[PDB]
Amino acid sequence: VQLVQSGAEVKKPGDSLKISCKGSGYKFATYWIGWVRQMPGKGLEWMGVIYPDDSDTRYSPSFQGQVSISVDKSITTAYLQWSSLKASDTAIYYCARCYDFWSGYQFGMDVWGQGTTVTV
Amino acid sequence: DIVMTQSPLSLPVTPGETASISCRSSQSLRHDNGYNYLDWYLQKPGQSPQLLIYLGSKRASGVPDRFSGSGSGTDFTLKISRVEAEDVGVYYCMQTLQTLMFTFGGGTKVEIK
Ligand SMILES: *[C@@H]1O[C@H](CO)[C@@H](O[C@@H]2O[C@H](CO)[C@@H](O[C@@H]3O[C@H](CO)[C@@H](O)[C@H](O)[C@@H]3O)[C@H](O)[C@H]2NC(C)=O)[C@H](O)[C@H]1NC(C)=O
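Each protein sequence line maps, in turn, to chains R and D.
The numbering of the first sequence is my numbering, which starts it at 1 and goes up by one.
The numbering of the second sequence is my numbering, which starts it at 1 and goes up by one.
FYI, nobody ran anything at the bench for these hints, they're computed from the structure.
Accuracy of the hints is not assured; some may be wrong.
What the hints assert, rightly or not - For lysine-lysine, the following DSS-like pairs were computed, each having C-alpha atoms within a straight-line distance of at most 30 Å:
#	chain 1	residue 1	chain 2	residue 2
1	D	113	D	44
2	D	44	R	18
3	D	79	R	42
4	D	79	R	86
5	D	109	R	42
6	R	42	R	22
7	R	27	D	44
8	R	22	D	58
9	D	109	D	79
10	D	58	R	86
11	R	73	R	42
12	D	113	R	86
13	R	42	D	58
14	R	86	R	27
15	R	18	R	73
16	D	44	R	22
Stated by the list, open to error - Partial chain R-side listing against chain D, Cβ under 7 Å, derived:
#	residue
17	43
18	44
19	55
20	58
21	60
22	101
23	102
24	105
25	106
26	110
27	112
28	115
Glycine included, each C-beta is placed from N, C-alpha and C at the ideal position.
Please build the complete structure, drawing on both the sequences and the hints.
Take a look at the structure:
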């Protein structure tokens with residue numbers, strides 16, 4: 001029950017982007033991929049969540065349309081796929097097994113990736 | 001609503017002593033299905049945040065049993081009896097508002113004496 005992501009993506013601003021997080025040894029189609037932010041010198045903030053089985057997506061109102069993510073059921077992999085870059089995206093990011101749909105639990109998140117560093 | 005309680009923030013603490021953390025805000029925090037949802041977690045330096053779960057803190061993993069908690073109303077509790085020298089980590093509690101809102105605890109972390 002494991003996860004892997006791309007390494008640091010250090011570059012100048014403006015260019016279109018993607019980064020991937022892959023789940024393995026677990027039922028990847030059947031738990032959402034939720035996300036979190038940490039910029040340099042900052043706490044934690046929430047980006048959104050996407051369902052692997054059918055791509056039902058609930059992007060945070062703080063980010064909606066300023067972001068895009070997708071998922072493929074076959075290679076057990078999901079991705080940020082953003083249309084450009086922003087100085088203010090320069091952060092460590094995250095992926096996880098998600099909240100809700102547990103037969104009970106809200107929090108749920110108990111399977112986690114190694115992190116990735118998008119950086120202008 | 002808002003960045004919820006840190007309670008406490010952070011102070012130099014000596015090993016093997018005692019601490020606790022309190023999760024609260026103006027929000028109602030207990031839906032009528034009657035569990036409270038407060039959604040604790042914790043994280044060491046070097047990432048991987050750690051299940052401390054919905055019920056005013058709880059868990060279902062091998063994370064050390066020096067961490068435990070409960071509560072009521074809008075105001076909920078997690079406890080750190082035996083503040084062990086390895087736990088130089090950060091404690092957080094999480095919202096409940098579905099697709100709306102985007103908020104977590106205000107950066108409560110260990111410092112040493
Ligand atoms: C099915 O739904 C019912 C109706 O809400 C659930 O009842 C709730 O049960 C919990 C105990 O697990 C009660 O928690 C206690 O709340 C008080 C404050 O009200 C607090 O002082 C205690 O520390 C404790 O947290 C809760 O009162 C109760 N109902 C409501 C409306 O709060 C029930 O748990 C659910 N059953 C199952 C099997 O899931």
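Against the structure, the hints come out as follows:
Taking the CA atoms of residue 113/D and residue 44/D, the gap is about 18 Å. The hint holds against a cut of 30 Å. A C-alpha spacing of about 27 Å is found between residue 44/D and residue 18/R, which places the hinted pair at or below 30 Å, so the restraint holds. Restraint check: the Cα-Cα separation between residue 79/D and residue 42/R comes to about 25 Å, which is no more than 30 Å; the hinted pair holds. Only pairs whose Cα atoms come within 30 Å are accepted, and residue 79/D paired with residue 86/R is rejected, the gap being roughly 40 Å.
This hinted pair checks out: residue 109/D and residue 42/R have alpha carbons roughly 13 Å apart, not beyond 30 Å. A threshold of 30 Å between alpha carbons decides the hint, and for residue 42/R with residue 22/R the separation of about 26 Å falls inside it, so the pair holds. Simply put, residue 27/R and residue 44/D have alpha-carbon atoms about 27 Å apart, close enough for the 30 Å limit, and the pair holds. About 28 Å separates the Cα atoms of residue 22/R and residue 58/D, which keeps this hinted pair within 30 Å; it holds.
Note on residue 109/D and residue 79/D: the hinted pairing holds, with a Cα-Cα distance of about 14 Å set against a maximum of 30 Å. Taken as a hint, the residue 58/D and residue 86/R pair is broken in the structure, with Cα atoms around 38 Å apart against an allowance of 30 Å. Distance check on the hinted pair: residue 73/R and residue 42/R sit about 33 Å apart at the alpha-carbon level, beyond 30 Å; violated. A hinted pair counts as satisfied when its Cα atoms are at most 30 Å apart, and residue 113/D with residue 86/R does not qualify at roughly 41 Å.
Pair hint residue 42/R plus residue 58/D holds up; C-alpha atoms about 26 Å apart against a cutoff of 30 Å. About 34 Å separates the Cα atoms of residue 86/R and residue 27/R, which puts this hinted pair outside 30 Å; it is violated. A C-alpha spacing of about 18 Å is found between residue 18/R and residue 73/R, which places the hinted pair at or below 30 Å, so the restraint holds. Between residue 44/D and residue 22/R the CA atoms are separated by roughly 23 Å; this keeps the pair inside 30 Å, and the hint holds.
Look at residue 43/R: its Cβ gets to within about 5 Å of chain D, closer than 7 Å, so that hint holds up. Interface hint status for residue 44/R: upheld, as the beta-carbon distance to the closest one in chain D is roughly 5 Å, under 7 Å. With a cut of 7 Å, the hint placing residue 55/R at the interface with chain D is violated, because the nearest CB-to-CB distance is about 15 Å. A cut of 7 Å between beta carbons decides the hint on residue 58/R: the least distance to chain D is about 4 Å, and the hint holds.
For residue 60/R, the interface hint holds, the least distance from its beta-carbon to any beta-carbon of chain D being 5 Å, beneath 7 Å. A least Cβ separation of about 12 Å between residue 101/R and chain D goes past the 7 Å threshold, and the interface hint is therefore violated. Against a cut-off of 7 Å between C-beta atoms, the interface hint on residue 102/R is violated, since the closest Cβ of chain D lies about 9 Å away. With 7 Å as the threshold, the beta carbon of residue 105/R comes within range of chain D, its nearest partner Cβ sitting at about 6 Å, so the hint holds.
A hinted interface residue such as residue 106/R counts as satisfied when its beta carbon comes closer than 7 Å to some beta carbon of chain D; here the least separation is about 5 Å, so the hint holds. Contact between residue 110/R and chain D, as hinted, is supported at the beta carbon level, the nearest pair being about 5 Å apart and thus within 7 Å. The interface hint given for residue 112/R holds, since its Cβ lies 6 Å from the closest Cβ of chain D, which is under the 7 Å cut-off. Given the 7 Å rule on beta carbons, the hint for residue 115/R holds: about 5 Å separates it from the nearest Cβ of chain D.
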